[PDB]
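Here the complex is missing one protein chain, while the rest keep their positions.
Read from first to last, the chains carry the letters A, B and C; within each, the first residue is number 1.
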Amino acid sequence: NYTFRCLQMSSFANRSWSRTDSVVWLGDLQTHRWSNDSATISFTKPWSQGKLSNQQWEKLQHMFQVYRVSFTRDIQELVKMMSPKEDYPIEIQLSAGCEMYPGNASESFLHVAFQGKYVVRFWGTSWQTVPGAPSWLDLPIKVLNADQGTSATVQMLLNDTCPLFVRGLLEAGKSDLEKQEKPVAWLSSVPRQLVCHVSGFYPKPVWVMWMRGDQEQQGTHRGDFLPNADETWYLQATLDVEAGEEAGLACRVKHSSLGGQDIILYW
Amino acid sequence: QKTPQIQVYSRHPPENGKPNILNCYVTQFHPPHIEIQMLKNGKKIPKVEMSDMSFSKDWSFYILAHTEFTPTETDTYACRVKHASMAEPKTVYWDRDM
Amino acid sequence: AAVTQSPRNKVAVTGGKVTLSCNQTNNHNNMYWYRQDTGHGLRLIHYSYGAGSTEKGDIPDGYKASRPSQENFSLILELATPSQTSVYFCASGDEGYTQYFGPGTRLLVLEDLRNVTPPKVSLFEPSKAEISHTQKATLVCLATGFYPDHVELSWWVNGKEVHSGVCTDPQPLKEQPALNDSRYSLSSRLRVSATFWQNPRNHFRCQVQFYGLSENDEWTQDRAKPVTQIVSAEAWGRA
Partner (left out) sequence: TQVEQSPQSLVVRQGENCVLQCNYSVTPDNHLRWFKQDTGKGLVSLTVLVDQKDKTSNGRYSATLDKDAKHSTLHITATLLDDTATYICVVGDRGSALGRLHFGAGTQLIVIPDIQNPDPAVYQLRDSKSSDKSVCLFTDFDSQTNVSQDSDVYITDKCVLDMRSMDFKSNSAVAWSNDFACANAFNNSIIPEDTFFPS
């Protein structure tokens, strides 16, 4: 059950200066990067082209190249059209892609945020505002929905291209997507707060508890999942104890990579 | 406008005198313009790698800085962040034990 | 979806103020000003996304724009120059890509107005020889002695403009081709059936609309101020 996300972020500082950058995720693995500095989209995996032929990829990249330049000018023009309602600086974020279910089933999305707030989506055959969006956006929506060529292309990208492409990615990237990487744990303490560190695990699902023999210590506070640079995860679980109870305590870690052979580290 | 949270943590278990990787993970900020430095003893480490900037379900940005380092008894290590949401730069120090 | 422009033709002096107006009752938000010069496609000067909005085009320099209302979009030349001699086109549109163009405005910016002069107009009656030889009657109109060459010649029969049977020289000819500020002549023909010309109830008129000075332009010479005006010549048919 995998979600493919094209994330685009653009900053317009004033009428002349702007940049647009994007990254592409399949689950929690990065498949593409497109810096403003680059003329071309870059593969961040060997399998990032999926099952597309070179001609199909070339065509798709060209469409995106035309898009980035057109997008940039369109925002600038939409600002002029609405002035003095909205002024620079402006931040636009797009999140677009498809969620893949089993069989032939999927659902696509294209969501747009303005100054950090979700305001616009493409849905069905057209652009629309969503609940909470300001009314001044009805003019931009009307102008965007006038562009029949863009609407046909977006409908094709969302309905057909995205799911077809992603089915090929899942096939091509199978051995990276199904990789198992083992956690390594280590212990420490501060003012007493005991910390169980867990690092290098893939995939994300992991179980970490402070223990006394068989007794799960329900004081255990799990932190957030944090990324490492090598596409593995980091997590730590903290506990509150009185100075004297440290002996007997262990950190137990369960994870799919270990084949039922849990990591037990005693203080 | 949203303030960056900053978390600093090593890749491998830290042993004094052993090569390791130090990560600075900066999250929950807006706008995306940000300046991130990794510091050894309050001086800018030169060879600092950055992941591409991305964002979460809630539209807030995040990015991962990391660098090679070898921890010792004496040397400190820090991540310094400038962002429009804060008047001064925010510094969080790496703590082996935390 | 219609667009109008005024004036349709204008002679001005270097350093003068010229305003070109565009009007549009389509309730279009968007309006656009272009100039057309020979050897170039139309080039965008200024445009506007609604009342109070004015935006720079590709060649904004020397021009201000004003959008006081949804209906009106003006192009203002505060210090007119000879290089602003052109044909100016305004257009409007809604959210769609179609731009609905006005009929154009011809502007001439002269270095100086001293030689500006209205035409004399004479109407020459059809030859009796032509009548008997062809059963047709050709009237000829001659506009002479005018400067500059911004004239519109039209033919009128019983108060209504005629186009059938007409042809007017594509351009005026110079009366003194050597001289740099030569005056111009222009001729036109209106050809009708002999029986139409022979009917004494038909009134034929050749009209020359001359474009020259406005009310507000300075005039220092002794002779009559050579203002924008109509000069015409007429004749009735006869047996």
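In this text, a residue touches a chain if its C-beta (ideal position, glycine included) is under 8 Å from a C-beta of that chain, and two chains touch if they have at least 3 such contacts.
S.K.: Return the single residue from A:3, A:44, A:56 or A:150 that touches the missing chain.
M.R.: A:150
S.K.: Give the residue, chosen from C:6, C:25, C:69 or C:127, that touches the chain omitted from the document.
M.R.: The single option touching the absent chain is C:127.
S.K.: Pick from C:56, C:114, C:189 or C:225: which residue touches the chain that isn't shown?
M.R.: Residue touching the absent chain, from the options given: C:189.
S.K.: Which chain C residues touch the hidden chain?
M.R.: On the chain C side, contact with the omitted chain comes from 29-30, 39-44, 89, 93-97, 99, 101-104, 106, 122-127, 129-130, 133-134, 136, 138-140, 142, 164-170, 173, 175-178, 185, 187, 189, 191-193, 233-235.
S.K.: Where does chain A touch the missing chain, residue by residue?
M.R.: The missing chain touches chain A at positions 66, 69-70, 73-74, 77-78, 143-144, 146-150.
As a convention for this text, only the chains that are shown with their structure count from here on.
S.K.: Using Cα averages as centroids, what's the distance between chain B and chain C in whole Å?
M.R.: It comes to 72 Å between the two C-alpha centres.
S.K.: Give, as an integer number of Å, the spacing between the C-alpha centres of chain C and chain A.
M.R.: 63
S.K.: Could you please state the distance in Å, as a whole number, between where the Cα atoms of chain A are centred and where those of chain B are centred?
M.R.: Centres of chain A and chain B (C-alpha means) sit 20 Å apart.
S.K.: In their complex, what parts of chain A are in touch with chain B?
M.R.: Residues in contact with chain B: 7, 9, 11, 21, 23, 25, 30, 33, 35, 89, 91, 93, 95, 113, 116-118, 184, 186, 188-190, 195, 197, 199-200, 226-230, 234, 236.
S.K.: Taking the touch rule as given, give the residues of chain B at its contact with chain A in the complex, in rising order.
M.R.: Interface residues on the chain B side: 2, 7, 9-14, 21, 23, 25, 30-33, 49, 51-55, 59-61, 64, 66, 95-98.
S.K.: For the complex, which residues does chain A have touching chain C?
M.R.: Going through chain A, the ones touching chain C are 80-81, 83, 142-143, 146.
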